[PDB]
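Peer 1: Residue-level listing of the chains:
There are 4 protein chains.
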Amino acid sequence: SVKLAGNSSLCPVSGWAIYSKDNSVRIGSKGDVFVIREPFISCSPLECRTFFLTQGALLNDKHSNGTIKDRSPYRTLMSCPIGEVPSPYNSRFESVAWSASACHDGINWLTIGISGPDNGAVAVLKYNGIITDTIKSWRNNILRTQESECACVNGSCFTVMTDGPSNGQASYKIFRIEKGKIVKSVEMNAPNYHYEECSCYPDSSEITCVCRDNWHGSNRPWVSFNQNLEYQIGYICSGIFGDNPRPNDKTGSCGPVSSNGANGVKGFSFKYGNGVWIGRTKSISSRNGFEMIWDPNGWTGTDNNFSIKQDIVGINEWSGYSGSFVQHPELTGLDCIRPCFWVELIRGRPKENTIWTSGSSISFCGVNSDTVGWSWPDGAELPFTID
Amino acid sequence: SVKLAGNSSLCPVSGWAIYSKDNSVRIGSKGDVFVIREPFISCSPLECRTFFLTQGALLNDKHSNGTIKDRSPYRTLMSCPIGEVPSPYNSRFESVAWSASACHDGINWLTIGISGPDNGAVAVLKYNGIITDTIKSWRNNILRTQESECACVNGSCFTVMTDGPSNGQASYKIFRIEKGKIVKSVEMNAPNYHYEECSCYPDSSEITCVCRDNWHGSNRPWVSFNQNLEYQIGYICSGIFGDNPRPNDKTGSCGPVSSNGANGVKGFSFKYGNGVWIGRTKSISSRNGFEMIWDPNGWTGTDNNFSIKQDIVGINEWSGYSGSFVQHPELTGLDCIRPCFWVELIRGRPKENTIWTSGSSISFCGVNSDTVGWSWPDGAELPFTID
Amino acid sequence: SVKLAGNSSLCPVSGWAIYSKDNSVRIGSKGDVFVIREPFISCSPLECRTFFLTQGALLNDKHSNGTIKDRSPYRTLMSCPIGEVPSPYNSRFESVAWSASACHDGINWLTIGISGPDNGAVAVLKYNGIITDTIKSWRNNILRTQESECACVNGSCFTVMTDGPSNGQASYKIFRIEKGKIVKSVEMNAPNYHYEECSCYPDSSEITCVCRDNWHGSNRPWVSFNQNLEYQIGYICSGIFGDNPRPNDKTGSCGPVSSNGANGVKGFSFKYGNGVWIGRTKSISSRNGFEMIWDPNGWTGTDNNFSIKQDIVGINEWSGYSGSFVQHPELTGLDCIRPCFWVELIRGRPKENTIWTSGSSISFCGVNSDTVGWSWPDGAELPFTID
Amino acid sequence: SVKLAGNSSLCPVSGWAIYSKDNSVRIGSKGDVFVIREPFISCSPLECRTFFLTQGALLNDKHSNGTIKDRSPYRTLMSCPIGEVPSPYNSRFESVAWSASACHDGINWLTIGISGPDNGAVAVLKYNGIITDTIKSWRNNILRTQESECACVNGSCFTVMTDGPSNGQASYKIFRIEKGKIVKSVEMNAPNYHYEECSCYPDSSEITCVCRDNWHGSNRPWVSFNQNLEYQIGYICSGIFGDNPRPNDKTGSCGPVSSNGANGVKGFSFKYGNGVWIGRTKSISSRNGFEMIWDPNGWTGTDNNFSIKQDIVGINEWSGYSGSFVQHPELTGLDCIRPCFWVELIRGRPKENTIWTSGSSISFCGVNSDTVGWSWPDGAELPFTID
Ligand SMILES: *[C@@H]1O[C@H](CO[C@@H]2O[C@@H](C)[C@@H](O)[C@@H](O)[C@@H]2O)[C@@H](O[C@@H]2O[C@H](CO)[C@@H](O[C@@H]3O[C@H](CO[C@H]4O[C@H](CO)[C@@H](O)[C@H](O)[C@@H]4O)[C@@H](O)[C@H](O[C@H]4O[C@H](CO)[C@@H](O)[C@H](O)[C@@H]4O)[C@@H]3O)[C@H](O)[C@H]2NC(C)=O)[C@H](O)[C@H]1NC(C)=O
Ligand SMILES: *[C@@H]1O[C@H](CO[C@@H]2O[C@@H](C)[C@@H](O)[C@@H](O)[C@@H]2O)[C@@H](O[C@@H]2O[C@H](CO)[C@@H](O)[C@H](O)[C@H]2NC(C)=O)[C@H](O)[C@H]1NC(C)=O
Ligand SMILES: *[C@@H]1O[C@H](CO[C@@H]2O[C@@H](C)[C@@H](O)[C@@H](O)[C@@H]2O)[C@@H](O[C@@H]2O[C@H](CO)[C@@H](O)[C@H](O)[C@H]2NC(C)=O)[C@H](O)[C@H]1NC(C)=O
Ligand SMILES: *[C@@H]1O[C@H](CO[C@@H]2O[C@@H](C)[C@@H](O)[C@@H](O)[C@@H]2O)[C@@H](O[C@@H]2O[C@H](CO)[C@@H](O)[C@H](O)[C@H]2NC(C)=O)[C@H](O)[C@H]1NC(C)=O
Ligand SMILES: CCC(CC)O[C@@H]1C=C(C(=O)O)C[C@H](n2cc(CO)nn2)[C@H]1NC(C)=O
Ligand SMILES: CCC(CC)O[C@@H]1C=C(C(=O)O)C[C@H](n2cc(CO)nn2)[C@H]1NC(C)=O
Ligand SMILES: CCC(CC)O[C@@H]1C=C(C(=O)O)C[C@H](n2cc(CO)nn2)[C@H]1NC(C)=O
Ligand SMILES: CCC(CC)O[C@@H]1C=C(C(=O)O)C[C@H](n2cc(CO)nn2)[C@H]1NC(C)=O
Ligand SMILES: *[C@@H]1O[C@H](CO[C@@H]2O[C@@H](C)[C@@H](O)[C@@H](O)[C@@H]2O)[C@@H](O)[C@H](O)[C@H]1NC(C)=O
Ligand SMILES: *[C@@H]1O[C@H](CO[C@@H]2O[C@@H](C)[C@@H](O)[C@@H](O)[C@@H]2O)[C@@H](O)[C@H](O)[C@H]1NC(C)=O
Ligand SMILES: *[C@@H]1O[C@H](CO)[C@@H](O)[C@H](O)[C@H]1NC(C)=O
Ligand SMILES: *[C@@H]1O[C@H](CO)[C@@H](O)[C@H](O)[C@H]1NC(C)=O
Ligand SMILES: *[C@@H]1O[C@H](CO)[C@@H](O)[C@H](O)[C@H]1NC(C)=O
Ligand SMILES: *[C@@H]1O[C@H](CO)[C@@H](O)[C@H](O)[C@H]1NC(C)=O
Ligand SMILES: *[C@@H]1O[C@H](CO)[C@@H](O)[C@H](O)[C@H]1NC(C)=O
Ligand SMILES: *[C@@H]1O[C@H](CO)[C@@H](O)[C@H](O)[C@H]1NC(C)=O
Ligand SMILES: [Ca+2]
Ligand SMILES: [Ca+2]
Ligand SMILES: [Ca+2]
Ligand SMILES: [Ca+2]
Ligand SMILES: [Ca+2]
Ligand SMILES: [Ca+2]
Ligand SMILES: [Ca+2]
Ligand SMILES: [Ca+2]
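Chains as they are written, first to last, in the deposited numbering: chain D, 82 to 468; chain A, 82 to 468; chain B, 82 to 468; chain C, 82 to 468.
Hints are computed from structural coordinates only; laboratory data are not their basis. Positions of the beta carbon are idealized from the N, C-alpha and C atoms, including for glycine. Do not take every clue at face value.
Said to hold, decoys possible - Stretch-level coverage of chain A by chain B, calculated; a stretch enters the list once three of its residues show a Cβ under 8 Å from a Cβ in chain B:
1) 245-252
2) 372-381
3) 408-418
Claimed, not checked - A few chain B residues facing chain C, derived, Cβ under 10 Å:
4) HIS144
5) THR148
6) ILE149
7) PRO154
8) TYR170
9) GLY201
10) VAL203
11) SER218
12) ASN222
13) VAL264
14) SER266
15) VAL267
16) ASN270
17) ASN273
18) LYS352
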């Protein structure tokens, strides 16, 4: 076992080749499949795994009755191998959690699981499944984190947590974690910014997070930092707006775009110099569709011009959360950090006439060989027997 | 593989971080999940496992129809990974057993399984799954043991068994076991004392057991011993009474508290000099709620004053048996033995309108970082389809 | 990996300690559990496994509808860990088979699966799951074998196969197999003898098999042989008759006992000098109950006197097939070959009002420490939903 | 780990020994079993696996309802151990795919998964589950491949893909792949020939493919080539016609036989100098029955005489696709490449009154010891509950 270096740059890519699909909701009509939300992929030097929050209920069972917002004591962070349905019969237990992150430093898995009350929530940090630290709410207002993988460089792993309002100024903290112990934390000085559900990746020994502004930004806010947590902050300038909901594309802003700014969806983007790969919904008002767009000046430019769009999910199909994951050279044998992404395909409430809400997943890795746009939707026929 | 040393002291702890929750009963509404009682957790130097008794029946099937106590020939000791539901598909067979203990010496698993008739029961010991010894009832009155982990120091493992009345003076024996072979046993001189279902842990090369007085004590009895089985006996002195049922808290006794003394519940406590961490129900009459209390003079002092209370399950929620487990420095990399505990959340008979009784579980580990009290209950909606 | 030596003698034992119980039929009321017949245990130097024939059907499903004695093209030899229910989700595929054997030489599993037509059946031999030989019917009349483990000594494994009538003189052959290749076979000159479903074990570098006389013997026939297949033949002399059906106990014979001699059940016995451990049914007429009996002169003496009887299943409870298995020193660390046995607990047709027949199992290992008689029966409540 | 050499000849075989049967459809009447098509077997130096396509539906659930051809975005390539039913609980995820191949080079698995639209489909190649290359449709007319194992020689793996009409002249390409990277391809000059669903095996450092002419041949086309993709082409000359449908056996052609030539079924054959082992349906008009025929001059000779016929499935039983797999000396210890085959037994829509179509499988390995003909059919009783 060797620590992931994290020192090479992101692989430049021309397109997205499909990596996995689990069909969880179709299979869970009869099989023993967890009700899940907030899946996310993360890889070691040896395998990739799907992390997810269950409510400890199976599809098509009465205990699946529940909403998109549910911070219950039943919620657990579990994992299974990529592209398998999340079943009690193939799922590793990670942590008790209604908000989570995980990443592998090259030696062992770090998991971060937040549970307890809204006014006093506690992150439990595990390294190789052993409790190595805790951090408690510092604003008593729903301590919460990424719902996607943390990022590791030379034996240190990094994440972002928020505490405070989801509809106003909140507090945002960045963490350095070694062997599951918090060795440093900084509060981000970010007045008029809002950071939720960050997607964070390593690139040339430094961390870039693209997050959700739930307050008043229909473009995505970003924070980047070195191993000492010295940070820079901004918003993606492109008039190709990243969030959902959002206005139609037009001139963008390097600060928060207020038009359709309130509310949002977890997402991601990859910075390449002044350019940006944006994953976003195809609807401006609803979690429907998904597409990747290459905007060669979209990190720092405000025009709504782009070079590449690749269809992932069709406009009339359910999408949901999306997030980054990487494959390090230690896993791939490449000379660069390969960017990948997942999409959560949400079914049930509140858009559909069911008692339950659950997600399946699809994922894609960046390549420079030939790719094709299509639609890989969830595919389940709702409602189910239990409804 | 190395023998666990067992020679460091218990880690000092200020509170309890949530470690696992399996949601067994909620998931067994649809999936193939054992009807279980007496889960307990025990760790090798590489992983932690939930040990449990089943009667060879699944939830929501007619064979779940049961009686509250039953030493049946169908009962088996099985184990699955911590936090996972106990299923026929993920569970390892250990022993034919209606009473049990297990613990890892650092080299292999010891399992103790008692089966056979009430007038002549036999404990089958296995080391690495191979039978290495038997011991038969010496009073012909339900030979029985811990229903939690045995304790290991330098290649020896230690347990307590009882044979005799559950409602009067019984016989209590301590055992030293090496590679699954009983090498020494001593009968306790304990007139007017009653020891049931001990929770035993190692601390500085000695074992401390906190147990259940089912005859006439609402405080918990204890027995501590060295590797040569030289022992000391007592009752927890604290006015914070530990058993269920019990009176409201008042002046304690260093002998058995006769008030509400009959009957009881399997529990645990951790000694720190004159102090004690007590785990107990929140209800004085029934197996409802759970709380951890730090009483800094409660091992040896009789007042009802305490310094810390941490909510685990709310008073209106089902609880059940509890017990100690530890994480040895060989697993954690710490310089001390880490105290942890599990709670069984019992659903069904006799309190609810079902044909069956079954438990899910929660566990916590002692830490010195920030923690919080909450309620993590079972969550199942009873009755079930089969009822 | 080292070849099992097979050169020590059987461990002398005073009694039988319970080792496993799977409760398959109780669990298969709801769980995904194969319909099975002909289970048997066999061990490597690292684990013990249950081998069994499925008919490619699950309990409580319409495909379980059976004849109750059928050599179908659906029948497969599979295995799972001892004490686990045989499910599609935990079972290794071994071979296509309506009659089978398996044993581990210390390096790899040998499996023997017989399939095809009654007039031309073929045994497929596999070593490490690779086909290494075949042998075809030489009498064109149901080629068939042990339904229990073969026996291994110093890199050679040995079995017995029958071809010919089950109600008359037939042909009986012994086989030496190395790395799954038949290196030698001998036909047993055995006029007026009948050998079916042999239980064969190693002892001091030689093989002893105790079998079923289905023609005209209510005592069990035996054949012992060295590594060059030079054999001796006989019948167990004890007036403690071993087969089912059988007459009441009385003066035995060193040849076949014709009284109630037709038909039989698969069984076993362990030879100790002039003495014998007999496992048998408790009923003389029906596959009900099971007991172990120590007859210190029963191998070679014809009286009906014995020293020890140990109850295993009550007389009013269904039993069935039983067979030997051993644990070699390479698995146990002992200086002798440990004798163990299994019992198949048959449920359904023809004795019960179901469309199906399926068995669960129990197993026991010989010890010289204290043991106890009891009843460990199947425990299922028939009929099932499908009936 | 060592590269498979692939330089020895095919083992000489006199007949076929049954290797596996999974009973998938029978078991899926109650258990959680994928709806599957296009099963195929492929082996590493350590084990053999069943690869299969599913549509992300289980048997006896409503999502099993579908069409009989369909390149959906729900279809995934998955693998389980050979002879086990393909379940969500025992199946590894490989790739998003409605057409596929896989093979092990001795170091890692290669997997080829084609997904995307009919006018621009993309093959995603993975080595050890990591994307290593893609290739896009070059005729925009359903890029498709083998649906059986690719073939490996000295660290290079070889496959065939087709792009173009299924009912007229198409384009056929051969690929050389190293560590999941295409290092060379050639387009075959094959006017008036048609290649579909190739069954490709290594023999003496060269690859031979026997395929399906869906255009105008009832005899099978073949293509052989060296590591430099220098190729030769031809049809099997035998008047024992290999495709389904086909005419009654008569004088063959070394070119395509137009009588009954349109349409076809995936199959295989093994070349031995001028001779051929032919696997075919027993019916000339439908996918019913299966038989193995040795025709000692059938590769190059046009007579309808043969030396050996071995029954596999009876004429009144459902069969389906078949393909080749091999066991290299590195797995078996032999000095030659062992030829095996699998048959899909397809059940359901449209010949039967079900909403679904799904298969079980059987496989055999070539031996020179005694074998026997029989029928090992699917055995499921349709229709099912969901129908
Ligand atoms: C097996 O699959 C069969 C084929 O079904 C297709 O594939 C499946 C897997 C699905 O993708 C399915 O949607 C595909 O059609 C399936 O046959 C199908 O059966 C369904 C359900 O019975 C039919 O759907 C219903 O159609 C009627 C009639 O629609 C026409 O007429 C009305 C006027 O009366 C118009 O308003 C429509 O525009 C159509 O022109 C509808 O009345 C009905 O609506 C009800 O449910 C919807 C949900 O959207 C509600 O919102 C409404 O209020 C109604 O309550 C359904 O849409 C479908 O036509 C049919 N397809 C075909 C091709 O025949 C078969 O049942 C399946 N077998 C089994 C055992 O499951
Ligand atoms: C506590 O015990 C450790 C470890 O002791 C060793 O391992 C045990 C399983 C057992 O077999 C012991 O007898 C072994 O000695 C002690 O560390 C050892 O101390 C000795 C003497 O100082 C030294 O030679 C070894 O190098 C040490 N072994 C290791 C692995 O560090 C430790 O000193 C004891 N701590 C106390 C008494 O608190
Ligand atoms: C019983 O056999 C053991 C082991 O024999 C070895 O293992 C066999 C499978 C086979 O490979 C033989 O060739 C081996 O000799 C005997 O112990 C061995 O004895 C030999 C001869 O003295 C000695 O040189 C080896 O090193 C021994 N190996 C071991 C591990 O002890 C033993 O003598 C035999 N009989 C008894 C009852 O002990
Ligand atoms: C068949 O191949 C074997 C093995 O060849 C080696 O491994 C292959 C995977 C490939 O990487 C080759 O380059 C390797 O040579 C041949 O055996 C080897 O032959 C060489 C040359 O004679 C010799 O030095 C090695 O000792 C051999 N290795 C072994 C394991 O025998 C073999 O000669 C080849 N030819 C035939 C027809 O069998
Ligand atoms: C703005 C981010 C954050 C602000 C509190 O809100 C999130 C918004 C959601 C959405 O926009 O869909 C649903 C999320 N979520 C997670 C769970 C249970 O684990 N239930 N809701 C929710 N997070 C939390 C921890 O509540
Ligand atoms: C006071 C200890 C003891 C005296 C015999 O009584 C226990 C109390 C129980 C309770 O207070 O709930 C239920 C337990 N239990 C276990 C099983 C079978 O595993 N059925 N009942 C029981 N144990 C035994 C061996 O019977
Ligand atoms: C006398 C032995 C032998 C003579 C043929 O008969 C056995 C007797 C049985 C009984 O006494 O119960 C049941 C067995 N059995 C095995 C299977 C499964 O393949 N179905 N029945 C049967 N074996 C065979 C291969 O048919
Ligand atoms: C002639 C080859 C080929 C030309 C396109 O046609 C195949 C023929 C089939 C048959 O003859 O049975 C059924 C196959 N198949 C597979 C799936 C699902 O992935 N749906 N159809 C089909 N393959 C493809 C990729 O469509
Ligand atoms: C990238 O880093 C390489 C590996 O560095 C070594 O491994 C890491 C995990 C640390 O332990 C570090 O102290 C070691 O030096 C370098 O060897 C290499 O020079 C670096 N740069 C590039 C782009 O290759
Ligand atoms: C639940 O169980 C009651 C008793 O069952 C009986 O005792 C058990 C141990 C078995 O021996 C069984 O065969 C006996 O019938 C029943 O009286 C009761 O009706 C059952 N309850 C339900 C709701 O099924
Ligand atoms: C399901 O959810 C609703 C909340 O919208 C809750 O009030 C209701 O009681 C729940 N139903 C059941 C059966 O638990
Ligand atoms: C990475 O971490 C190691 C161990 O702390 C440190 O000594 C080393 O200098 C670091 N390397 C780089 C490139 O920062
Ligand atoms: C621990 O066990 C070993 C082996 O029996 C023994 O020699 C040693 O003295 C023990 N160590 C201590 C400190 O007790
Ligand atoms: C069992 O199988 C037989 C033979 O096919 C059939 O006649 C009978 O109906 C079946 N019984 C049931 C209940 O399915
Ligand atoms: C065991 O087997 C080997 C042959 O493989 C032989 O050389 C040796 O003599 C045998 N050992 C004994 C009989 O101890
Ligand atoms: C096999 O591959 C190796 C590695 O590239 C090459 O050097 C070698 O010559 C090849 N061997 C043969 C027999 O073709
Ligand atoms: Ca927003
Ligand atoms: Ca732009
Ligand atoms: Ca009490
Ligand atoms: Ca006090
Ligand atoms: Ca007989
Ligand atoms: Ca006698
Ligand atoms: Ca054709
Ligand atoms: Ca010919």
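Peer 1: State for each hint whether it applies.
Peer 2: Status of the hints after comparison with the structure:
no.: 1; hint: 245-252; in the structure: violated (count 0)
no.: 2; hint: 372-381; in the structure: violated (count 0)
no.: 3; hint: 408-418; in the structure: violated (count 0)
no.: 4; hint: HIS144; in the structure: 5 Å, holds
no.: 5; hint: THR148; in the structure: 14 Å, violated
no.: 6; hint: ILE149; in the structure: 17 Å, violated
no.: 7; hint: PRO154; in the structure: 4 Å, holds
no.: 8; hint: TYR170; in the structure: 4 Å, holds
no.: 9; hint: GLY201; in the structure: 4 Å, holds
no.: 10; hint: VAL203; in the structure: 5 Å, holds
no.: 11; hint: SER218; in the structure: 8 Å, holds
no.: 12; hint: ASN222; in the structure: 14 Å, violated
no.: 13; hint: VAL264; in the structure: 13 Å, violated
no.: 14; hint: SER266; in the structure: 13 Å, violated
no.: 15; hint: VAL267; in the structure: 18 Å, violated
no.: 16; hint: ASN270; in the structure: 24 Å, violated
no.: 17; hint: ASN273; in the structure: 30 Å, violated
no.: 18; hint: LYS352; in the structure: 35 Å, violated
In terms of the numbered hints stated before, the structure departs from hints 1, 2, 3, 5, 6, 12, 13, 14, 15, 16, 17, 18, listed from lowest to highest.
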